[PDB]
Amino acid sequence: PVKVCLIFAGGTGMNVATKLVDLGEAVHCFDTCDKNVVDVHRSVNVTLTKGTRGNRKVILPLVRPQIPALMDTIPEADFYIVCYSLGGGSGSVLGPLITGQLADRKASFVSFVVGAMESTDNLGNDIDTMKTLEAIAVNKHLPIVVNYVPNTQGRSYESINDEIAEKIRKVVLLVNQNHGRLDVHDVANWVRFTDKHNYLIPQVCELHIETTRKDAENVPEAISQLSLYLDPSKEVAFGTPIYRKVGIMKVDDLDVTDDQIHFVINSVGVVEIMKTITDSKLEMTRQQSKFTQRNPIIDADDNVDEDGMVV
Amino acid sequence: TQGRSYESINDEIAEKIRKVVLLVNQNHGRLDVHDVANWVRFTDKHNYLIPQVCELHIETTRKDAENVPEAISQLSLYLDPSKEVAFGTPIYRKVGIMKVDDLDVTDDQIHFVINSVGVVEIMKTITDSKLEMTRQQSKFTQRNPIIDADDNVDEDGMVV
Amino acid sequence: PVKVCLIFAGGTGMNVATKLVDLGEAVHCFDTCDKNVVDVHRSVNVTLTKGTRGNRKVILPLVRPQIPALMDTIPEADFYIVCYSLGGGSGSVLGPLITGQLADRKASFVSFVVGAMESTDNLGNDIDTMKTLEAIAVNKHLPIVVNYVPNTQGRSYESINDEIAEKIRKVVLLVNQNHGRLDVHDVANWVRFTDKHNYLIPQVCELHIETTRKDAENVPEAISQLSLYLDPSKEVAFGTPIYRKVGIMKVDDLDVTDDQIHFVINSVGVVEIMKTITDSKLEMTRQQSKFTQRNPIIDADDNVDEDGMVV
Ligand SMILES: Nc1nc2c(ncn2[C@@H]2O[C@H](COP(=O)(O)OP(=O)(O)O)[C@@H](O)[C@H]2O)c(=O)[nH]1
Ligand SMILES: Nc1nc2c(ncn2[C@@H]2O[C@H](COP(=O)(O)OP(=O)(O)O)[C@@H](O)[C@H]2O)c(=O)[nH]1
Ligand SMILES: [Mg+2]
Ligand SMILES: [Mg+2]
Numbered sequence: 002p003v004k005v006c007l008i009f010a011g012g013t014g015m016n017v018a019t020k021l022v023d024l025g026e027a028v029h030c031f032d033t034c035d036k037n038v039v040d041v042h043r044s045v046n047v048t049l050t051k052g053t054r058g059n060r061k062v063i064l065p066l067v068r069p070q071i072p073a074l075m076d077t078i079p080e081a082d083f084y085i086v087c088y089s090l091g092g093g094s095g096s097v098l099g100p101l102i103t104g105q106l107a108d109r110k111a112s113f114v115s116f117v118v119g120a121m122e123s124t125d126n127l128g129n130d131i132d133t134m135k136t137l138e139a140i141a142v143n144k145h146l147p148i149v150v151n152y153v154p155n156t157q158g159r160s161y162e163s164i165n166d167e168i169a170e171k172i173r174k175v176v177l178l179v180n181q182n183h184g185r186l187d188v189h190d191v192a193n194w195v196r197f198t199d200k201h202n203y204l205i206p207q208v209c210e211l212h213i214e215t216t217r218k219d220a221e222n223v224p225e226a227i228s229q230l231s232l233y234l235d236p237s238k239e240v241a242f243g244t245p246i247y248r249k250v251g252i253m254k255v256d257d258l259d260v261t262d263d264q265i266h267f268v269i270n271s272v273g274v275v276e277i278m279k280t281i282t283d284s285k286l287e288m289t290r291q292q293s294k295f296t297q298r299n300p301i302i303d304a305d306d307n308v309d310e311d312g313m314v315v
Numbered sequence: 156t157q158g159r160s161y162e163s164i165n166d167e168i169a170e171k172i173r174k175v176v177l178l179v180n181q182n183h184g185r186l187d188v189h190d191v192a193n194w195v196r197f198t199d200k201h202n203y204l205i206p207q208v209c210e211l212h213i214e215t216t217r218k219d220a221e222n223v224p225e226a227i228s229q230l231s232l233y234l235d236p237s238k239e240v241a242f243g244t245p246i247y248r249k250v251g252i253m254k255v256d257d258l259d260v261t262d263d264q265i266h267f268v269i270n271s272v273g274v275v276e277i278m279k280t281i282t283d284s285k286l287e288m289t290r291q292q293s294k295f296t297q298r299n300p301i302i303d304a305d306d307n308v309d310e311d312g313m314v315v
Numbered sequence: 002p003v004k005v006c007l008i009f010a011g012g013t014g015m016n017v018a019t020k021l022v023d024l025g026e027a028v029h030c031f032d033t034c035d036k037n038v039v040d041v042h043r044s045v046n047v048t049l050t051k052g053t054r058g059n060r061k062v063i064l065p066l067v068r069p070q071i072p073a074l075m076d077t078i079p080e081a082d083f084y085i086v087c088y089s090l091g092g093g094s095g096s097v098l099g100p101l102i103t104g105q106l107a108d109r110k111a112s113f114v115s116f117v118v119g120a121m122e123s124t125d126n127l128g129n130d131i132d133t134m135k136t137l138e139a140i141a142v143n144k145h146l147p148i149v150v151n152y153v154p155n156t157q158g159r160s161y162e163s164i165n166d167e168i169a170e171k172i173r174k175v176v177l178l179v180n181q182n183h184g185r186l187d188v189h190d191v192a193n194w195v196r197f198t199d200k201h202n203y204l205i206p207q208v209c210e211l212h213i214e215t216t217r218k219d220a221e222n223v224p225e226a227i228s229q230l231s232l233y234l235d236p237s238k239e240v241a242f243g244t245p246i247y248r249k250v251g252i253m254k255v256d257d258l259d260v261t262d263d264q265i266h267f268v269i270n271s272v273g274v275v276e277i278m279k280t281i282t283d284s285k286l287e288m289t290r291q292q293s294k295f296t297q298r299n300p301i302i303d304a305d306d307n308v309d310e311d312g313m314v315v
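Chain order of the listed sequences is a, a' and a''. A prime marks a further copy of an entry chain. With the authors' numbering applied, the first sequence corresponds to residues 2 to 54, 58 to 315, in that order. In terms of the authors' numbering, the second sequence opens at residue 156 and continues consecutively. With the authors' numbering applied, the third sequence corresponds to residues 2 to 54, 58 to 315, in that order.
The set of hints was computed from the structure by calculation and includes no laboratory data. For every residue, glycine included, the Cβ atom is placed at its ideal position computed from N, Cα and C. Do not take every clue at face value.
[Stated by the list, open to error] Straight-line Cα separation of at most 27 Å, DSS-like style, residue types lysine-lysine; simulated pairs:
#, chain 1, residue 1, chain 2, residue 2
1, a, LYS279, a', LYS285
2, a'', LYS279, a', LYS171
3, a, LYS218, a', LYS249
4, a'', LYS200, a', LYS285
5, a'', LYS279, a, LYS279
6, a, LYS285, a'', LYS279
7, a', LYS171, a, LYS135
8, a', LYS279, a'', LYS200
9, a', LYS279, a, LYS249
10, a'', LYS279, a, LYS218
11, a', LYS285, a'', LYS51
12, a, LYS294, a'', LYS294
13, a', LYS285, a, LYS171
14, a'', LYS238, a', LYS294
[Claimed, not checked] Computed footprint of chain a' on chain a''; a stretch qualifies when at least three of its residues, placed anywhere within it, have a C-beta under 8 Å from a C-beta of chain a':
#, stretch
15, 132-141
16, 288-298
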C-alpha cells in the first residue's frame, strides 16, 4: 500500500487538484466530462466516466454501475483524502460513492467538501449530499470525517481552493509516517474512532485543523484529537477528547510547515453549518419567491390549434 | 452564584469577616496570638507541608466542620466548654473558650477550618461554566464583506 | 478633558442638535453651508467649512484638508457622541472623517446615524457610508459602534429626530461619571472592547438602548453590555455578552429618566438592516427602471449645425 491516496471528484475537485499536481501518482481525479481538465493534470491520474457528457438524481444511475471500474484504478493505501463540492451534480455523486467503497475497504480517510452557495440548486444539493454522508456513516457504521468549507459570499473560488490545498498538505504531512511516536494504527484509530469506542455513534463529523493550542481547545465537544509538535517541550495534554495522540515532527522534514498542528474531530458543529445554509437560502428564496405573474394574454376566444398556433 | 444579588453576597462576606474579627480579638481562654499565627501560617512549624492557596471554611456546627475534606489546620471556638469535641483529622488543631459577656459572641461554636483540596473543583466549575457560555456565543459566522475590490477606497476608507 | 463632547454633522446633525442646545458648550456642529443653521444654534458651537457652498465624492476632496482645523476646535473629552445622516453628502463625509480622527485620539465614542430612504442617491450613500465606517473600524482596529435609525416610510423627520435626541440624552446620562461602581475606564472598555478582547474582530457594531431586561436580553449575539439601575435590588446578570458592567444611578440625579437602562453592543444585526435598504431600493428602482424611451424626433435628414440648431 502507498502512504496516502488523494481522490478528487467533479469540477471543484479537479480545480483543487491543479494545486497539488506535485504529488503526482498519488493523486486520482474523477469527473463525468472534461470541462475542468487542464494541461497540468497530465501529471496526475484522470478518469472520466462513460456516457455522461448539475442534477445528482440524473447522474447517479449513469455512474453507479461504473464505480467498481473506478475503484480498480485506486491503489490500496494506508490513508485516503477525498475532495469535492457538495453542491454540484458530479462531485457530489462520485465523491460519496467512492467514499462508500473506501468504507468497505475498512479504510482510514478524511474528506474536504465545499458548501456551494450560488443558488437554491447548490443549496439543495449541499443538503442532500450531507445527508448522503450521514446515511453512509450509519450504513457502514463508520465516522465520515469532513473538513467543511463554505463558499462565503465575496470570496473567490481561487482563495477557497488555495485554503483547501494547504489543509490537504497538512493532512499529507500528518500521515507521512515519519513522526516520532505516531503509528499507522494511531492514525487509523483517530479517524475510525468507533472501532474501539463502540459506545459512540458513527455519523458525519467535522475535521478541524488548527495551528495553535488555543484554537484547538476551542473546538466544541471534541471527540478525537491528534497533535503534531516540532518542539516536544511544547506538548500540552489539553482539551477533553475521548481519544488523544501526539506525534513529534522532525526539523529536517522539509514538509514541516508549522511548529504545531492539531487535527481535532467533533460532530456537534455540522448542525449550525447546515442551519446557516438553510436560513440563507430561505431568505434568498423569499425575495425571489414572493412573485405574482400576470393574467394570460390569450382568451378562450382565440382559435388555438394543437401546436398552439393562432392563425 | 447566578441569580444571587451582590448585596446578599456582600452581606454574607461581612458576617464572615466579623467572625474572624471575633476569632482574633485576643479575649478567648486558651487562645494565644501565637496559636492564631501557627494556625494560618501552618508551614512555619510543619515544614513537610507545601505552601499553596488554601481555603478557609467558617462553620457553626461540628457536623459541617467535620465535612471539610482533607482538613489541614483547625481552630474551634466554644461558648459552652462542655461541648468541646476533638473531631476531624487535621494536622494542627486548637481550641478557644469564648466569654458569655463578650458582646461580639454571635454563635455558640465557630470552627475555622483550612484545607486546600477544594480549590480545584471551584476553579473547574468556573472554567466549565465559562466554556459553555463561550461555546454558545463563540459558534458565530459573520457575513461576507459588503465592499468589493471594485470600490475605490482611499487611505481613510472613504468611498466617494 | 470634559465629560462628553457631542459632535453633529450635516443637515440632519444640525437638526438633531437644535433639540440639545441646553447642553451648550459641549455641543459642536459642522456643515458645509448654513442651510440648516437656525437661531437656537447660537447656544452651541457651529463651524462651517470653507469653499463648500449631496454628492460625497465631490465634497470629500474639498473638506478633507480642513479636518485638522476642525479637530482643533474639538476639546479632549472622556467620551464623544457623533451624529449625522448616512444618506446625504456633507454629514456622511464630515461625520466619518471626524470619527477617524477620534479613533486616532484612542477615544471612546458612539455614533447615532440615520438611514435615509428617499431616493437611490440616499440609499447609495447609506451603503457607501456604512462601508466607510467598516473600513475605518478595520484600519483603526477599533469597533465603530452606532445606533442605527432608519427613516421608516410615513414617519416624520421630526419624530425620528426626537427619538434620537432622547437616546443621546441617555448616553449623556450614562457617561456623566456620577454612578456607583461605574468608572471612566469601565465605559472605555465597554465600547473599545477589542482593546482587552484581542480575539474579537473590530467592525461596525450596533448600539441598542433598552429600558427593560426583556428587550435587552432579546439583542442577538450581544458582545458588550452596560446596565444602569436606580433600584439596586433589580440587578440581574442576564444575557451572554463577553463583557458586562453595571452602574447604580442616584435618585437625586435629576437626569435619571428611567429606572433601568441597558446599553447593549452587538454586530450580527447590521447585515439585515443593510439588506432591507438594498431590497427596498431594488424594488423601487425596478418600478422606475423598467422604462422605454421613444424614437428620436429628428432624422439624419435635418440639417443640424454644431450647436444643434435646425434652421
Ligand atoms: N470552492 C470552489 N467552489 C466551486 C468551484 N467551482 C464551482 N464551485 C461551486 O461549486 C458548485 C459545483 O460546481 P462543480 O464542483 O464544478 O460541480 P460538479 O462538477 O457537478 O461536481 C458550483 O455551482 C459553485 O457554486 C471551485 O473551484 N472552488
Ligand atoms: N431623520 C432625519 N432625516 C433627515 C433630516 N433631514 C434630511 N433627512 C434625510 O437625510 C438625507 C440627508 O440630508 P442631510 O443630513 O441634510 O444631508 P447633508 O447635509 O448633505 O449631510 C435627506 O435626503 C433625507 O432623506 C432630519 O432632520 N431627520
Ligand atoms: Mg462539472
Ligand atoms: Mg446639507
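Verification of the supplied hints:
no., hint, in the structure
1, a:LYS279 <-> a':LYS285, "25 Å, holds"
2, a'':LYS279 <-> a':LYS171, "57 Å, violated"
3, a:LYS218 <-> a':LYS249, "47 Å, violated"
4, a'':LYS200 <-> a':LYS285, "17 Å, holds"
5, a'':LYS279 <-> a:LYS279, "19 Å, holds"
6, a:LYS285 <-> a'':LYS279, "14 Å, holds"
7, a':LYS171 <-> a:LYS135, "59 Å, violated"
8, a':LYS279 <-> a'':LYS200, "23 Å, holds"
9, a':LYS279 <-> a:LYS249, "24 Å, holds"
10, a'':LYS279 <-> a:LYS218, "35 Å, violated"
11, a':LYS285 <-> a'':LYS51, "55 Å, violated"
12, a:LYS294 <-> a'':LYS294, "19 Å, holds"
13, a':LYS285 <-> a:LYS171, "30 Å, violated"
14, a'':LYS238 <-> a':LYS294, "31 Å, violated"
15, 132-141, "holds (count 7)"
16, 288-298, "violated (count 0)"
Consistency with the previously given hints fails for numbers 2, 3, 7, 10, 11, 13, 14, 16, ordered from lowest to highest.
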